[PDB]
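This is what each chain is made of:
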Amino acid sequence: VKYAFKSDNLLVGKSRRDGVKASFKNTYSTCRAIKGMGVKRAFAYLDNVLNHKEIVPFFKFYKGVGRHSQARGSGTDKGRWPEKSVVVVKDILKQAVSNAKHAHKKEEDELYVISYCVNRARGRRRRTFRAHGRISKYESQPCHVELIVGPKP
Amino acid sequence: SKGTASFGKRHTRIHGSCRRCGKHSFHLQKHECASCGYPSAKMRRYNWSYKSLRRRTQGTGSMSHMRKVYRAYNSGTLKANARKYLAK
Amino acid sequence: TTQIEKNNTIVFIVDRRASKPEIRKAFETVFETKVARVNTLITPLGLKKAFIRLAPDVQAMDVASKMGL
Amino acid sequence: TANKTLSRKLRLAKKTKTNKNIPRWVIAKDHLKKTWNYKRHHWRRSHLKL
Amino acid sequence: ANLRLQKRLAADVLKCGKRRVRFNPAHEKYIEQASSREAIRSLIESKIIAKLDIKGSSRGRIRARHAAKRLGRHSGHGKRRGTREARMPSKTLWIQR
RNA sequence: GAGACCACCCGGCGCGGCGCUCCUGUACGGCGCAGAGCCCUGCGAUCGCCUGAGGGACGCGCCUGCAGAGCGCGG
RNA sequence: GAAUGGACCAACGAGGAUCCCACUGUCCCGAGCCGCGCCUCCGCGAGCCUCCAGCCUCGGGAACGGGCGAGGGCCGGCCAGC
RNA sequence: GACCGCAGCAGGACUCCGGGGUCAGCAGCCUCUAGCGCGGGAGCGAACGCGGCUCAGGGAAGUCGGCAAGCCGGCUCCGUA
RNA sequence: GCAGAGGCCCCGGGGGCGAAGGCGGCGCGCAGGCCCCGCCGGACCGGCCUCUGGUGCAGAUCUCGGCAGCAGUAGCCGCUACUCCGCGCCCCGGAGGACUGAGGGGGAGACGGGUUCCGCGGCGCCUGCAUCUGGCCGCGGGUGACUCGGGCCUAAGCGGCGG
RNA sequence: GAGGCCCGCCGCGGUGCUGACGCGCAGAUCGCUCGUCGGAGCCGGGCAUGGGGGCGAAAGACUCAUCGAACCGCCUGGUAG
RNA sequence: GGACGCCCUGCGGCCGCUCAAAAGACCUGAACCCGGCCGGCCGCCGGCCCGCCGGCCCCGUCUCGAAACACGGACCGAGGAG
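Order-wise, the sequence lines are chains LQ, Lk, LY, LG and LS.
Residue 2 is where the first sequence starts when you use PDB author numbering, and the numbers rise one by one after that.
Residue 2 is where the second sequence starts when you use PDB author numbering, and the numbers rise one by one after that.
Residue 72 is where the third sequence starts when you use PDB author numbering, and the numbers rise one by one after that.
Residue 2 is where the fourth sequence starts when you use PDB author numbering, and the numbers rise one by one after that.
Residue 2 is where the fifth sequence starts when you use PDB author numbering, and the numbers rise one by one after that.
Treat the hints as calculated values from the structure; they're not laboratory data.
No residue lacks a Cβ here, since even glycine has one placed at the ideal position from N, Cα and C.
Treat each hint with caution, since some may be false.
Said to hold, decoys possible - Quick list of simulated restraints, FRET-style, between CB atoms:
| hint | chain 1 | residue 1 | chain 2 | residue 2 | range |
| --- | --- | --- | --- | --- | --- |
| 1 | Lk | 5 | LY | 76 | 40 to 46 angstroms |
| 2 | LY | 105 | LS | 25 | 47 to 53 angstroms |
| 3 | LG | 2 | LY | 96 | 30 to 36 angstroms |
| 4 | LS | 25 | LY | 77 | 28 to 34 angstroms |
| 5 | LQ | 100 | LS | 45 | 55 to 61 angstroms |
| 6 | LY | 77 | LQ | 126 | 55 to 61 angstroms |
| 7 | LS | 36 | Lk | 5 | 52 to 58 angstroms |
| 8 | LY | 89 | LS | 5 | 21 to 27 angstroms |
| 9 | LS | 5 | LY | 128 | 44 to 50 angstroms |
| 10 | LG | 46 | LS | 67 | 55 to 61 angstroms |
| 11 | LS | 3 | LQ | 49 | 25 to 31 angstroms |
| 12 | Lk | 80 | LG | 43 | 55 to 61 angstroms |
| 13 | LG | 38 | LQ | 48 | 46 to 52 angstroms |
| 14 | LS | 5 | Lk | 59 | 40 to 46 angstroms |
To be verified - Using 27 angstroms as the maximum straight-line C-alpha spacing, the simulated DSS-like pairs for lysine-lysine come out as follows:
| hint | chain 1 | residue 1 | chain 2 | residue 2 |
| --- | --- | --- | --- | --- |
| 15 | LG | 5 | LG | 34 |
| 16 | LS | 80 | LS | 70 |
| 17 | LQ | 22 | LQ | 36 |
| 18 | Lk | 10 | LG | 5 |
| 19 | LQ | 95 | LQ | 107 |
| 20 | LQ | 138 | LG | 40 |
| 21 | LG | 30 | Lk | 10 |
| 22 | LY | 120 | LG | 34 |
| 23 | LG | 16 | Lk | 24 |
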């Protein structure tokens, strides 16, 4: 059982990726901001963060993240534009958008993102080298992105 | 310059492969094997290390001849022995 | 194979123990040919490789053809 | 090192030919499940004869 | 399209350093297909592969100041940064005399 | 005019021109019977004139040119 | 206090003192200006520590409390400094 | 540029060949040949740091102490207790 | 209460008509603890009597394994440096602008490493950002001597000798 | 043209800054500033000296990140009011 | 040891398939820790409909005496001593 969301006859399109090589913290925020958006609006919004026109609000992991003007509306002064995460979240959304529309024969407007669970995953552990004969670590933080488009909220 | 610089002036081969024991234990300057004991006829066995003795001894190799002759003693090597003792 | 055509040389892996003269007699007796000089390198992987330049009268291309090289 | 010894060269040579991966057909024949040699060395980290 | 292997071969053929070697950018394909000293040599005849000159520094300013120095133009006590004995050893003049 | 980020204050901005004013100190080049002298009409560090010149500007005044006020997001 | 060496200083000395001429932000008394870090972004990403919890005043207490008695303050969430 | 220090460790590794100009110089400073663009980039131009400059008038009054910085300097010629 | 041993479990104890184990919820017991239910799980497990012990853990700067907050934080500040265009990656080609500056970030050897060299293909790792790059990975190859060096001879030294 | 002469490059040392760094570039590095630089000089290879022993222009220094007695195994799961 | 079809520039995703089961790189899969969705405003003990009143210092340990500005203790699992 890999998929957290239980549809129980909700006519949804679900696409996921496992151990995507991005930061868990940055991807989590991109998915949370996307939640509730129209599928088309989400595509435009994610293109805008890549173009720096719109910011991704950092509602959870915000310490050390800079306040910007673009995040004034979202209710959090803090925000960041995560480019690598945006590519992955758009790609995962694209597979869900196609899968719901092919499987449930639903027009793109009806589909809206409804669920966003992202779980931290096991990562590589490259060693770092420090002073006084110390060997440290540069462990990665991959995540399992699961994004589900759906009929209505 | 006690550590790194001192380790950087190392480019020599104190130890070399042993003739008898094939290990990097043969001192090139002293001409003796740290583990093998070569050029001594007797081999270096010290009961201070149980583990060192276990790392190289009988049973740590093919034991070719001994195995073949031990097997024969549970077969016809003993009959050959009896024939020799009596006449030939 | 280009060497067989312009240097008259067939390159053969031979036993490491074999000396230059021994490979001269062996190549001559096994391939029924006349040899001029054998240069030998021990491959980094411990194999003696021989470069036998055949005597001018014989052509290596024919000798190679008999072997199949 | 360019001035090496045949006896030293011979022992170093075996190491070069021995540092090889498990033949894929061997993995299939014995059903290995552990396809990594673990006795494979690398010139950057491993010090042979040390 | 790494043309590095072609560049290294071209340097030995031309008998010059890789920096001097220049390639006609138009013939990218025929250089990519090149893979041998001989193939590069055919390209050298077509003039697609060429070397530049050593572009050594000019000596014109130097050979003008040297000529003016023969007229005693740039020799003065401010110009001298070394002792007379260094500039003219006294042993040298006595041995000559 | 305000600033680490933000916020603040202001907005069809700005770009680059033109005048004004200012900074430095008389632009390249051309001209001379300048020029110590040397030597052939050649050479020459320099000096005077065209020149308080030219070059520069983030301050002002103006448009003379391009432009410039999101059915972008939210209520 | 006299080869447990005494006295003695030419010449030396990254040796230890004192003063003068010179010189200077050492200072009066600080000011402006470069580069690079910092800060913000993109991509990477540890260490160390960690009973819990992290506002004060006084009192009592292993006599110097974050917690205990009595007051007096305090949405919560962060940044740059310190 | 691969050795040795746990590293793709401003760490340490012995030789050989050594151009031009300014110079007393194999010094410093630029260059020919030859190599080459190094554990990444963008912005902003806060404090504070880290290196670097300058500072009116005074000048060590600063400090445990002139620490640090500044002065001086090349060459020629006088003049040297 | 644990884990084994000897017995018993009135037609011969409980089990694929679901064992042990795990997760939540009752019930009983002063409590140590027990029991049952639902769900997962997938083959073993007990109650009483007698016997045995390597028999119950909040600590020991405990051992080992996992992993949190700090924290998207500290940091990636040596070697003057890149730019445009090509299809363009930090690779490559042209064009610029630099740099190491002949006690070289040059070209070579002794040593030490031991194939790293080369060509072709690729990126799964590694290249502490990236990569289409590479010293990385797969495959296939590569070190030719009468004159150079070893060998040779002796040096400091070291062994060997009737004993 | 003499000198265990002087200045000074590389080298060889390491004085200050009490500088940088101090979870370091680094279990000793880096920057200037230095001491020396024909000598009692420096450097590479071979060799010799071995643990209460060596070696020491002496500092109980040095003997492989250990030294007022190395390191590895063992006695040893030494003993502790 | 993964039929097919759907798409995807492609990756990969999606369905499903095989099998009793995905058991899918592996039996069971606890604690710590974390992400979604939902539900509250919250340490313990007592009374009550349940967020209000009342009471509560951090254990272990030496110690005459510890909440101590004494010491050990981030967290959890397994092992751990008459």
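**OP:** Could you work out which earlier hints the structure fails to respect and list their numbers in ascending sequence?
**Re:** 1, 7, 8, 11, 14, 15, 21 and 22
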